[PDB]
Amino acid sequence: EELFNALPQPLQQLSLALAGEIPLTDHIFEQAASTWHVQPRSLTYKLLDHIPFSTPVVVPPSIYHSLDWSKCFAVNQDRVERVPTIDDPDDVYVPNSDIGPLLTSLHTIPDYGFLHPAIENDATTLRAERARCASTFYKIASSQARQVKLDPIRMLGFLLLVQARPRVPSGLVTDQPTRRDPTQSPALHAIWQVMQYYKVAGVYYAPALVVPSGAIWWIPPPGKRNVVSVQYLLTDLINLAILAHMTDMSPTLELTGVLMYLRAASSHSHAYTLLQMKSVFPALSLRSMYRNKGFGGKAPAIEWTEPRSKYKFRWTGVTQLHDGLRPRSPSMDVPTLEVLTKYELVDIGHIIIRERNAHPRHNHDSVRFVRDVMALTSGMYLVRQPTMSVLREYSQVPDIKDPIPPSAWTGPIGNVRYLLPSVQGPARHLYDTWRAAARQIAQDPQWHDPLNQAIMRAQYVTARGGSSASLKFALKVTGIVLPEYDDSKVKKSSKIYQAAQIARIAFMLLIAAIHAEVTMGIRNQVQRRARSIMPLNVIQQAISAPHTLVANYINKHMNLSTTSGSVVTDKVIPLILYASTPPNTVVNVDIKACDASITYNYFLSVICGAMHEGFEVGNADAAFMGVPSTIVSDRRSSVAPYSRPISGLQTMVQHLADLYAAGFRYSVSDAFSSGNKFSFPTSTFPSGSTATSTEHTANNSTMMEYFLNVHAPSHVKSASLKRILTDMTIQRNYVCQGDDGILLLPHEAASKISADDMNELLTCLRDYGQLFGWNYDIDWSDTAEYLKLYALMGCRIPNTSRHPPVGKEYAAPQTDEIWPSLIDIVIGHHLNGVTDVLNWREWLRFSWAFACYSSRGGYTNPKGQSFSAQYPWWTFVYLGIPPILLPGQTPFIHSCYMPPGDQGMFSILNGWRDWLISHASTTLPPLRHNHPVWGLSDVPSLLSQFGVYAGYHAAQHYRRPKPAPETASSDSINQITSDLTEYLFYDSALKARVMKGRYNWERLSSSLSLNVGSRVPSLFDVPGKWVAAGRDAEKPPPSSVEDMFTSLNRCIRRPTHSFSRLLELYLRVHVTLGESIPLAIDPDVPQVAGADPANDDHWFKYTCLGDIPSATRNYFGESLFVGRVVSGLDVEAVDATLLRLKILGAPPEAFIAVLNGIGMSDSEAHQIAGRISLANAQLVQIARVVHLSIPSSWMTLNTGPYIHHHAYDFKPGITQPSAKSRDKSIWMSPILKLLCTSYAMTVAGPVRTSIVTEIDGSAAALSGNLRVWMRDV
Amino acid sequence: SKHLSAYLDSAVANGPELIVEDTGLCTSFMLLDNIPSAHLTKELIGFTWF
RNA sequence: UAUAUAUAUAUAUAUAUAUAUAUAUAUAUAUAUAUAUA
RNA sequence: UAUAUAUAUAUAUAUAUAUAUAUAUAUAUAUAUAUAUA
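Chains as they are written, first to last, in full-length UniProt numbering: chain A, 2 to 1274; chain B, 176 to 225.
Please keep in mind that the hints were generated in silico from the structure rather than gathered at the bench.
Check the hints yourself; a few may be wrong.
What the hints assert, rightly or not - Heads up, simulated DSBU-like pairs for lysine-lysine below, C-alpha to C-alpha not over 35 Å straight-line:
(1) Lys492(A) x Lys299(A)
(2) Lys753(A) x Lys177(B)
(3) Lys294(A) x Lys753(A)
(4) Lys963(A) x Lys1036(A)
(5) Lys294(A) x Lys557(A)
(6) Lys177(B) x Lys294(A)
(7) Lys789(A) x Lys299(A)
(8) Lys789(A) x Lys473(A)
(9) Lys299(A) x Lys177(B)
Stated by the list, open to error - Sample of chain A residues at the chain B side, in silico, Cβ under 8 Å:
(10) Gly297
(11) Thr320
(12) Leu322
(13) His323
(14) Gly325
(15) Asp659
We put the beta carbon where it would ideally sit given N, CA and C, even for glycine.
Can you make the complete structure from the sequences, with help from the hints?
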């Protein structure tokens, strides 16, 4: 491969290491990283010359047809709009224009350019129209290019490097070498052809270059001109090329994707063109697979347990597939082909359909094909001008087909109107439901509990926030002089900052401020319009409390919130799998825009009236959250009007209804556009975070229930449909979360419902939603779409396109981040490639290349010095990336499921133990006195020679700079503290409780001499945590950066030869692997697409353990003792301390002090303390006391039973008696089991039984040291 | 899958074709002119008539 | 001039039957290559 | 040379899918004729 010869020497070495030829070393690790940072990026394109492509792809010159930008922008009413070219009002995206004329030249790199300083000045100072339009166009065009985790060229360099040389085979019988090869990929050939336009003297000038402040462009010569779309096309091509290789797809499918992108790029508005024909691929493949005759195969047999509210499922065998079970819904070929005819891409459909017809039976190949084809959709984070986005989304109002007549209301109650009893229909149903819930909320001593009140107030504060300026204005307007703490370096717009200002003020004085402006933000998306973030101010968030509370009660006490408890997201996995099984018919539904359709004229007025009436049952004089009862005029009786008191809850409703009727008033201040901030109101619900899911899920459930039980039976025609539609209820037939929803039909007896009845049913539902202005957007394709998860016949399909390898969202014109953060990006990037099942061997190779580039970085003072550093590669091992090849071992023996942290280290060393010991003896002189785990052979020196300690400690170092304090600012720190504590401790009982607990605790901890300095979670530190978070949200000063680099280097250079005490002790255990465990399911049945004999290790791991989490006796430790806690503190810290105390045998008052330290009253403290026992605790619950946790990668596997009865901590016939844990086994055995299973999961291949065989020291010695360490911390 | 699909659904038609109906003539023997009669136009006129 | 109904012709779509072509799967025969045995 | 296994090609048979042609039925559009109304 001449390309391998083209690489420079260090990169050739790195490629050899990645191929598994040689063990990786820090030396070559640096040489590769360094040289990448010094050579120009264009050379990566230069590498493409040495690929003899043989693919049938032609790049039409139609691409280079820049449409003039001047006609794509205009300003009216002093705002820069997009003025769409086509008559479609949605063409509001970046056009296809030549950016060239707007460029100057840089002094550093003369070839590339940036915006004219003249243009931006005139747009800023003169507000000149054309200047502003040019600026806006330049800003957004640059931003669209910036939507990548790093420069795409670097990723392309990674792909070439790994693909430059075939990987060496391992000894495994399932290690199939790659079937795909270069010179056959249409993507790379396409990149070659298109890039031929950008060379002048064989130099291959990149069309653009991304920088921290955005992206720069190259000035074209007089002959040529660069269209911004080309850059986007390159990114899509590179992303597709990487994905195709990792997914190992046929070149034909990649060919179709290339043609797909080219056609989109040829026309104007590359983004808009792609967006229009988005769903073509899933419709062609996923929605229509088995609509033929030769159907068959094996399918999972999943059963839903009787208490369906618990969402518990059981795998109970397999089911043979046959024609009677084949999908009933019509295919999707006709509409898709009709759409494709518009863009004359019918060939793509013909190719896809013909290829699809080669999979008549459901098996691994079929789903693998589906996974690959669905991976063809564009992975670009689309971005448009926020001004257009806000103008296009919130300009919608629902259309009600039968409005509530005005005569249907009673007389006013000051603001609200009650609903007349004579009114029926869905509105009546909605009214009663909310009213009933309001009644239940009304009398509930759960509130007025001071602890619960603390939870609600604390829930309102986060590091982020907004609308602070509106807050300061509104209160200053009403004569309220708020405090300030600027010297305490914390952002004013933080929700924390405004909360501190409010602490002292009597609440009712603030009531006028709730009718104030709210700022807004935008977050871009991959396959849809960008999302919206609308953070209310703290006061508004407080007022809306009743709305949330009632919604919560509706959810938690009707359909159990339809999984909106979100305890572990994986509970939806078995649900959709069950929903997609052949015996069941499922329908996917979701509100078209629930945020935009909920409104006051129809919905909120009804809810407000119901809540206000529902609160009538209760003491009319009972203040709630500092809101006192007031007098309101009642005008229900025209003959006898009067005024009566109303409780604080009702007063809240009175104002809340007023606000909703007035409509939200937003203020847009987009930065990408130029000087165009303004404010306009809308009825669109905020819906900026999970706090909105409760309301929409409640209304979603309510309307669905009424439709099923009342509207549909009264209106449908088919008698058979009526027969099956009856005996159906939401609690066992429907789930939802926000707009999203799933509806599944009762099992038709050995049969399926007529599509005719389905059409009748679906039609009526659409009309039902049309009544009150909900577009239901339903579909029926015998698949499962819920929370962006896809299941087909009980097999999960990872939609990889939603996690593009290169793409990353950036919501601001500047990246605003520092170099070390890139490491965390790499770690998160790699995990997705594990969550989604890719070719695990090749994905690992690519990951290391990414890591190598990220391993190095530098910084420069605003005026002064530069700084630099880089990590030894062992860091990434500690961070959770398996090594490819260790010295003395064979490559590719470590599975991706290897746990991060100490566990991964221990497992690696445990396997590597014997070779290290023997090799150290030959190579080095013995150490001077005996070692606990090692002999005299002195492996630690060898590890230092490998730089293991350097990497091990380097990964421990922090990666974000720290802000500095000040003393007059500390007066503000105290002022900030005092007020935060004041806001937290509204009453006095909590303060007395915490103070008593803290005083007793330190007294006990010192006098009993457990230890001193134990940072125990307590409420007094919660404000401190808030303050630190608030100060951290600020951009750090350069001095902090310099401290980081210096500290990091010193930590790297310091010669240390010891791990943490825990890892040192963990090495004392010897673990061995026996035979394979009995299988969970039939290996024939596919469960996750791509986890097949080709991708062996995933296929092994899933097959052995089974995917369905089925903790019938374990419950994965979710039964934490402290169900109710305040924000800021960590439950996982609290229970760990409690168990640690219990193991240490502390006296009960120690528990009492600790519990009282977090607000628990003495009585409940005793009650809680009594529950603490080593028996009822779960394996993971107790094992976490020493930070032994379950890796996130395991959350999709049924590891419970294995850990329970497959990891033998003491097998009688194998273990040495020295390792017998004896009585301490009650808390020793879980630790050993966790270590054992971690090692077993580390190695590749099938899961084997794990057995402790020996502890070098006695088990007693191990337990004693552990108790010491537990007492120390 | 063929056998399983066959054994599970009996609505595969393939029933014997019982109903066949005739509206013509219930006969199976045809009277046939084997040797045509000669046409006479000069001598023996009138001995045959068509 | 227009609307409605009926008949006839032509075009398009859907269903069924027959013919031809192409693709895929399975079986059998023949040829060629590679491996093993004699 | 023969046997056995694997791969590829060609031929034949059977099944499935798609396309094209012809026939029949149904729907829609257009034209022409006839009737009725304006």
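Here's how the hints hold up against the structure:
| no. | hint | in the structure |
| --- | --- | --- |
| 1 | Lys492(A) x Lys299(A) | violated, 59 Å |
| 2 | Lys753(A) x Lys177(B) | holds, 20 Å |
| 3 | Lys294(A) x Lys753(A) | holds, 17 Å |
| 4 | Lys963(A) x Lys1036(A) | holds, 10 Å |
| 5 | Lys294(A) x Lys557(A) | violated, 46 Å |
| 6 | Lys177(B) x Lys294(A) | holds, 10 Å |
| 7 | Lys789(A) x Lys299(A) | holds, 25 Å |
| 8 | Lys789(A) x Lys473(A) | violated, 40 Å |
| 9 | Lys299(A) x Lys177(B) | holds, 14 Å |
| 10 | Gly297 | holds, 3 Å |
| 11 | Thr320 | violated, 11 Å |
| 12 | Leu322 | holds, 7 Å |
| 13 | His323 | holds, 4 Å |
| 14 | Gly325 | holds, 6 Å |
| 15 | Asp659 | violated, 64 Å |
Hint violations for this structure: numbers 1, 5, 8, 11 and 15, all remaining hints satisfied.
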